[PDB]
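Only one chain is given next, in structure tokens, and it is the form deposited in one PDB entry.
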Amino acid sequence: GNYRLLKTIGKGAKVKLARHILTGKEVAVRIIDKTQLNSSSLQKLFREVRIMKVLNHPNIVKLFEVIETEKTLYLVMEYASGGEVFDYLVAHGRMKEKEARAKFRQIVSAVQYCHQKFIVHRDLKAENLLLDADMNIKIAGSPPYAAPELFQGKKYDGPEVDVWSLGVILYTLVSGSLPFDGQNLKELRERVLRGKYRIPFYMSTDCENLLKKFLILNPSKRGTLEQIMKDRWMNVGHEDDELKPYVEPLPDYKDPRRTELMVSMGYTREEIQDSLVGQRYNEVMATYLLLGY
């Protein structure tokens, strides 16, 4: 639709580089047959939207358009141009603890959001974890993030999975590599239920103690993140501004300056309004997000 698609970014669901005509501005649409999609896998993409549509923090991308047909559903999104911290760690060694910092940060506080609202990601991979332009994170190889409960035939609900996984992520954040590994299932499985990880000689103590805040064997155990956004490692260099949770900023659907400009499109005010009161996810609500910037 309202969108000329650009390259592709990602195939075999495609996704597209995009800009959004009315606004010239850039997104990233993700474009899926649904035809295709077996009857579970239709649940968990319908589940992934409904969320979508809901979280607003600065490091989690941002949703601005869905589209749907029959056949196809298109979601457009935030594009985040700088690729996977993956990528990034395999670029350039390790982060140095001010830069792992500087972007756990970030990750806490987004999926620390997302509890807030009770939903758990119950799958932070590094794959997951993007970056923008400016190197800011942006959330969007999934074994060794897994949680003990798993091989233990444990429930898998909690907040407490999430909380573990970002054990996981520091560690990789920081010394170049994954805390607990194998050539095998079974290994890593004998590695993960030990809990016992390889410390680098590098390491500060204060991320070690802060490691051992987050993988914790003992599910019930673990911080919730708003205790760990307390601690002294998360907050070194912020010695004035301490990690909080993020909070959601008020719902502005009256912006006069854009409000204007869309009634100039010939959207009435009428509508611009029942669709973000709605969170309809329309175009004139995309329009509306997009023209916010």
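Rigid core here is just the name for the largest C-alpha set that superposes within 1.5 Å across the two forms. Numbering follows the first chain given and starts at 1. What changes on going to the form deposited in another entry:
- When both forms sit on the same rigid core, the CA shifts between these two forms reach 2 angstroms or more only at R257 out of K244, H238, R232, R257.
- Core-superposed comparison between these two forms: the CA of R122 stays below a 2 Å shift.
- Once both forms are fitted on their core, a CA shift of 2 Å or more is seen for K34 between these two forms.
- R198 shows a C-alpha shift below 2 Å between these two forms [criterion: core-superposed Cα displacement of 2 Å].
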Given for the second form:
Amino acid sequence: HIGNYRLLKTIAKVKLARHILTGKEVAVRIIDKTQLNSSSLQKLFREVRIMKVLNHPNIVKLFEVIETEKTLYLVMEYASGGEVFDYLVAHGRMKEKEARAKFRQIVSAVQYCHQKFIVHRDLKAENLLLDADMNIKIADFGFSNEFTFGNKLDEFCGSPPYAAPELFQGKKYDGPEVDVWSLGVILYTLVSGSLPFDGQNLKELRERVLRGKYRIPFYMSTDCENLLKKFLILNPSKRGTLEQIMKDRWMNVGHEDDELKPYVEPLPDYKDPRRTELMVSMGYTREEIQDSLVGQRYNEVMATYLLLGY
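Form deposited in one PDB entry done, so how does the form deposited in another entry look?
What follows is just the one chain, with no partners and no other molecules.
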């Protein structure tokens, strides 16, 4: 094993693991640096930094970073509930009351990143993970657990049906309004268990996408069809921001007093007495806990700390 972790089984090389001293499960991406060229190494560590800066409850967290001469271990949040894509396959559509619960979390998460000028650019159901409580954990925001670095044969499973029309018109695919279209598509698959735009191949899928028409089922409320109209607009400049969309009726149904808003980064969690104590009586010194959590080292000490929060 590596660090305070016991590799259990595997699930791009990713391992399920048990933090020995907390018994908490964790995902452990393993990456071989010798097999990387400078251009790719840079992009990696650049994305590792992005992961260290996104502190949101629906964006899979990073717990530790172990880096050796030839290897880089990335210990991150494991989501025991799997993909949103797999769920939707089994249980079919969600109930209007169920989707809203998660679609709030999603839009809050994506919105948070747009604040920092990070657009995800590949939003899909396969990238929305769930934990043991049915809470949303978006993945691949920074570093991607699905994309190898040019070596392998990526299949881009699930990416096309959520692509905005710009992609097929040769127009730029850069701005936040791109995640915005995809959110539309996402929402639609949640309340229907199906695709607004579909086809036998990429040709047919394109045809349907660029036309922008999509069937609304009978069982879909009228407040819902009205939320889709705000996402699936063909012209990128007329698609509204996410701050403007959190103020929708369908979004806030059941939250008459609890209206959705641009998430506010919570203050640095680093001094919790309960965990500082629990740690000391494991064999951690007081100030190494202090230095580790002050400097946000993301080492074996910071990892243990964060893992005690579950």
